[PDB]
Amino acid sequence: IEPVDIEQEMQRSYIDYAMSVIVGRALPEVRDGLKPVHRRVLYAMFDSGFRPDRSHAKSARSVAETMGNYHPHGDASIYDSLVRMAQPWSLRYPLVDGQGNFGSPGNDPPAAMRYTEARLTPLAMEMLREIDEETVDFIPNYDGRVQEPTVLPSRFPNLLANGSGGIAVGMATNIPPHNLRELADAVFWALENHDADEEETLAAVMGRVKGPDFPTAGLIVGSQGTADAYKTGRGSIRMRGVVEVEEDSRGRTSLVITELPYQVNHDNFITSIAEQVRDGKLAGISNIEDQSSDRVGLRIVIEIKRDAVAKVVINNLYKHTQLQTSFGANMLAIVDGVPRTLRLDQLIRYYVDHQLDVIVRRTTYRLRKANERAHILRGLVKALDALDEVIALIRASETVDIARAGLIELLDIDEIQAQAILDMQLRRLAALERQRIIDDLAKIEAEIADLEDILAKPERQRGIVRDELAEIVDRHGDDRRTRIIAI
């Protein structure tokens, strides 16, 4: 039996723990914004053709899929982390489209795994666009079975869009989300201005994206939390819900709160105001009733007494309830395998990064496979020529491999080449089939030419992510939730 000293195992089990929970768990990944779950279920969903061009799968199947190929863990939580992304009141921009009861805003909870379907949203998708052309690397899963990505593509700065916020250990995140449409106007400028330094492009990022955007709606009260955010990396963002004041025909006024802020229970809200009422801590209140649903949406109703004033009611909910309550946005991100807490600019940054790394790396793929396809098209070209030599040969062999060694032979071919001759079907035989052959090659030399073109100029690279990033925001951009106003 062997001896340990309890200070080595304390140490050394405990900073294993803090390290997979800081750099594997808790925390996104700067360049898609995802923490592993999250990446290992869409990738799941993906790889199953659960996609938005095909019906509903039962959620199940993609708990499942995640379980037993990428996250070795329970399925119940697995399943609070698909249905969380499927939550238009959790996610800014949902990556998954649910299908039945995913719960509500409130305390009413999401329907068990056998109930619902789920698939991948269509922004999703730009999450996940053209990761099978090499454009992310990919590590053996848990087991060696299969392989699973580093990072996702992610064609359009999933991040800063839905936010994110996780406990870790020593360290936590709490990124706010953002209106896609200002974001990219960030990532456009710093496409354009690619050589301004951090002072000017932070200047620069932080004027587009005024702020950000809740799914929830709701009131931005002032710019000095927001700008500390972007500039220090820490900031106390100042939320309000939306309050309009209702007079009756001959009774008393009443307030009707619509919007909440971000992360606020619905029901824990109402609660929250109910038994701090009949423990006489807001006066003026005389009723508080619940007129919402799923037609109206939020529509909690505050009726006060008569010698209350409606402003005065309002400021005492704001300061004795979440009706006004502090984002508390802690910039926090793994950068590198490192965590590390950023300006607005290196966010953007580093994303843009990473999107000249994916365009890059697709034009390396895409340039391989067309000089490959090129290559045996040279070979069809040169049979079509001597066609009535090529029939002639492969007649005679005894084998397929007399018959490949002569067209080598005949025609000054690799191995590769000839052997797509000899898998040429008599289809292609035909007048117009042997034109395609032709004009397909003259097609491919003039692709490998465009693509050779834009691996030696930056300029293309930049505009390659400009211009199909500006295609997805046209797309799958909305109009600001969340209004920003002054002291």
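Numbering follows the first chain given and starts at 1. Under this definition, the rigid core comprises the largest set of C-alpha atoms superposing within 1.5 Å between the forms. First, how it differs from the form deposited in another entry.
Once the core is superposed between the two forms, every option in 297, 170, 140, 207 stays below 2 Å in C-alpha shift except 170. The Cα position of residue 281 differs by less than 2 Å between the two forms after fitting on the rigid core. Residue 185 is not among the residues whose C-alpha shifts by 2 Å or more between the two forms once the rigid core is aligned; its shift stays under 2 Å.
If you fit the rigid core between the two forms, you'll see the Cα of residue 73 move by 2 angstroms or more.
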Second form
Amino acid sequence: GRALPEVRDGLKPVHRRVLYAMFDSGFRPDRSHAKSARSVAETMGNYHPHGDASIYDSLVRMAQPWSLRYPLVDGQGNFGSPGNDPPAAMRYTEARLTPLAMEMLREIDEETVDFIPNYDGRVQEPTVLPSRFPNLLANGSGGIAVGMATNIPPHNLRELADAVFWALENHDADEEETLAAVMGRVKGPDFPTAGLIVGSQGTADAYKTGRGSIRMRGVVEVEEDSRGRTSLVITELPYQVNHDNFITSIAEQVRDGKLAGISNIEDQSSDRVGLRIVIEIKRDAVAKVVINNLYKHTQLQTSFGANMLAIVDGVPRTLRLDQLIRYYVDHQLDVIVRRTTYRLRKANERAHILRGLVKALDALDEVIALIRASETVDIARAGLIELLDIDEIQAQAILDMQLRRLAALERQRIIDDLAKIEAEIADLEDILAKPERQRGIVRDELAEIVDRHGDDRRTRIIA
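What I would like now is the form deposited in another entry, since the data block earlier showed the form deposited in one PDB entry; can you produce it?
Since only the chain itself is given, any partners or molecules it might have are not part of what comes next.
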């Protein structure tokens, strides 16, 4: 629960609450970053009333591009590093949502997801987010650390979308056919940290059964010195491997007598060259041999023990890739049907009011004279109901019209708005009647998201 992500939006409660607090506060991509204290405070006051570290820790982690394949928070200031640099405190950093987090929250105010009372019953909070891209698979959940209850790897948005589009179009396909199609499209995890996946079996096992051992490796380049001395240069590391602990481990293995080929270690990493750990080897040593000993004795090679465990309708389940994709598609179709239902109800309310306003415009001299002749507002309201054959809510809307609405252009705007809303109502009715339009909406809206925010695969796969 606090341990396991919801299958539909890939979130656990503290992360969902932070993102909803930010959204409700207006901390969007198109406005200046807000002090992080503000997002922490809003979350603490309304959703998570504890002064524990988890709120700000969640905000920070969601801002780190080495941590999330698709960051949900856009941080400004010191949010730490892939090594042991601590993040600054919340009064020294700033944060707002990223554009993709805006897609997690899109149209959440249109009754697209169930809300329930918060801890003190004073406000509602969402049980799940609309999640207009497949966040669980895109950003993953848990980790390689011992004690993680789940370990779902991140994936490439464009590949996931191909699988989602396939499952949408092929809505009659059985589980076997769906699993083969989505496994053809999702090549394997795609970590924010790039690196390599070596072998095919662990990935297949993970997708077919919900568990598999996926061998990851970093990347080593070989450089020559003038004095004839060759060095190995590590430029990428496996997902969740701490850069400082890795550097430290090499030193320590060297002392403990492993890694006898190594004469020197220097961290040359920087903002411009990225990760660049330079390992000089002895003139007697073979580069290729030293690299293999690094795989053995350090996290330059480490296994990702995939465990695709998520909550589905309140129950933890270990899921195959076809199930992760299909439950996500079911959620998107639910969000679309709910959004269209909401829009239709609001359009009908608006049309009802505009019909009354248009009746008033058609009888404007009489309406104005009736209101001026009425001794009180209640007498005018009653008089309007009789004159125009309208109900209380329509009459109140006439009485609430401002004199500015009577300028010719504004009268026409009311007429035009009624025609427009009746066309909108017709369209929304049609979407509700046609599952093919509903599937088409998920497809088109996700395609636009992927066209704008999709990116290249970073992790290379070696069978």
